[PDB]
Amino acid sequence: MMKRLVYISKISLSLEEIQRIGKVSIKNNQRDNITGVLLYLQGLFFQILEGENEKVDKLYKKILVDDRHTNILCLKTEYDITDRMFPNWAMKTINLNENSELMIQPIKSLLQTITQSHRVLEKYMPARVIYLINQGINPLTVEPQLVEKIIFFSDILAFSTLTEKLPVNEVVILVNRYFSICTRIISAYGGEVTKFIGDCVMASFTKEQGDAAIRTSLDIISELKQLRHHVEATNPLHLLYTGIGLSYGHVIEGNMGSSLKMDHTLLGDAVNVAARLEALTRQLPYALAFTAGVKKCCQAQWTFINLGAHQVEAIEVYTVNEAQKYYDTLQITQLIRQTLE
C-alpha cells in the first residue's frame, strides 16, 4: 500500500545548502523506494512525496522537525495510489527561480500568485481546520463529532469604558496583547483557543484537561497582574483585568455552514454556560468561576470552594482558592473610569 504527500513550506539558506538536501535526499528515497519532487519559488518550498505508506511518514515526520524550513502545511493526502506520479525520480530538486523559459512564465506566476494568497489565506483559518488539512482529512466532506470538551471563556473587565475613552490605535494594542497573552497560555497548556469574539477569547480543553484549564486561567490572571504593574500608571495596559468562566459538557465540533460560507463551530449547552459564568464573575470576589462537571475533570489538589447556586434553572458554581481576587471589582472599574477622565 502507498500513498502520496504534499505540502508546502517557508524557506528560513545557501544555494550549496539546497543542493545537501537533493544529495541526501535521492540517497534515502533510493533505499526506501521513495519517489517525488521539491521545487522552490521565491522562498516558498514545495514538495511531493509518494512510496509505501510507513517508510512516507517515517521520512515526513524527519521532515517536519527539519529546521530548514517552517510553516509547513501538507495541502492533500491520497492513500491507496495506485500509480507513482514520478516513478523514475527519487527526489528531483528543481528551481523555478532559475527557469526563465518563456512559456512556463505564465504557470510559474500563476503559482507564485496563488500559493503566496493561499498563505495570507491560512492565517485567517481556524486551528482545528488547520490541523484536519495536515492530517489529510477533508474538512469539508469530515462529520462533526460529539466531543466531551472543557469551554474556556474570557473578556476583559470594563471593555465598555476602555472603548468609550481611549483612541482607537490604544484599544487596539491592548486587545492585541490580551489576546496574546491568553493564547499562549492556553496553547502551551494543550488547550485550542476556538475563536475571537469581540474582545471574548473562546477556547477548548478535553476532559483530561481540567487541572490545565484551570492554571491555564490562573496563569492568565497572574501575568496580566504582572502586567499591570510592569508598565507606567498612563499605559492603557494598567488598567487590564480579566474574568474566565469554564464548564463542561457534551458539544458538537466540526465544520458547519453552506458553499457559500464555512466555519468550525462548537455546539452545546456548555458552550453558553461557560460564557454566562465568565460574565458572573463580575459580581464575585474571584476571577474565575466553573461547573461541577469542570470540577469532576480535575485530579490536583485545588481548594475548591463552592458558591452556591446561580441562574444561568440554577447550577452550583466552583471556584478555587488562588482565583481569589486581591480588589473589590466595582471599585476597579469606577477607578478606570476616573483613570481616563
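Residue numbers count along the first chain shown, from 1. Compared with the form deposited in another entry:
- The two rigid parts rotate relative to each other between these two forms, and of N321, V142, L44, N28 only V142 lies at the hinge.
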The other form holds:
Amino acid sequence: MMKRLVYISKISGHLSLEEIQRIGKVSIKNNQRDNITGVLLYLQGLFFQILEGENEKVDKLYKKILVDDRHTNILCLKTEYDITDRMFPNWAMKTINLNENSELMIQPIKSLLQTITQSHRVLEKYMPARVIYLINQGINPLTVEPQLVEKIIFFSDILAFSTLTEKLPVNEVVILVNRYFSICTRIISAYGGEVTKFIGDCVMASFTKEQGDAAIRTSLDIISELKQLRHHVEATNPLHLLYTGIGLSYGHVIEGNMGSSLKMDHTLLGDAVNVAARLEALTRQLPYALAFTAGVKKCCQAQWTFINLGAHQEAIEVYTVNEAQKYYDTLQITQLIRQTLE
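What would you give as the form deposited in another entry, now that the form deposited in one PDB entry is on the page?
Partners and other molecules have been left off, which leaves just the chain.
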C-alpha cells in the first residue's frame, strides 16, 4: 500500500544552491533505498515537495523532514491514501529551481503558483488551530461532521480594557493588544492548546481533558510573562498597565463547521463556552487572576493547592490555585491604570 503527501514550507534563512543541491543528493540515495519517489520545488523562499511510496517509508521520512533545520512553517496540504500509480515513478527526488526558469510560456503558471501560495500562507494565520490540524493530517475540514467532545475551554482578556481604549490612542491600543495576543497564542500553542478565535480583547482556546495541568500552567505562564513585561518597559509604555484575567471550564462541546453558504466557521457549541467566559469576568471580583470549574480540577494530576471560591451563578463551584493569587488589589489597579493614563 502506497501513500502520497504534499507539503509546503518556508526556507530557513538563506540557503545557497550547494546546500539545496546537498538536499537533492541525500534525498536521491535515501529515496532509492526506500523506493520513494517525488519532486522538490523551491520558489521565492518557499519549498514544495511531493512524496510517494509505502506508508511506513514515507511517514518515516516525513518525521525526519519535519525536524530538519533548513525549513520552517511546514504545512502538509494533501495526503492521498491507497494510491494505485506513482506520479513521478522515474524520479527518486527531482529538484527543480523555479526561480531560474525564465521560459516565457512557464511564467504564467510560475507567477500564479507564487501568488496563490503566498496568499495561502496569509490565510493560514487566520485559521483556527483545529482547521490547520485537520489539513496537516490530510483531512478536508469542510467534510468533517461535528462531534461531541470533552474540552477544557480557555478565556482570557485584558483588565480594565475599557479604560485603556478610552485613554490610549488607537495605534497604542493596537500595539498593546497585539503583544497580549502574541504572548497568549505562543504559550497556549506551546502547551498543546488550540487557539479558537479572538473576540475583542479576549483569547478563546481549548484543551483536551488530558491537558488539565497544561491549561493551568498556560494560565500561570501568561500571568507570569505579563508581570515580567510590566517591569521590563518604562512608565510611559502602555504595556506597563497590562493585566489579564483567565477563566477555564470543562464540559461537552460540539466542535465542527457551523453556519451557511454566506458564512461558515469553526465553532464550539456548549455550556462550557459560556461558563469559561463568566468565570473569566468573575476574576475581577476575586483575589485570583484564574478561576475554573470543578471539572477542570478533576482533569488535573499535578499537586496544585486548589482553593475553593464558593458557588457562583445552575450555580457552579469556582476553584483556583494558590499560585494564581494576585499580589495586588484589583480595584486599586484599575484606579492606578486610570490615574496613570490621566
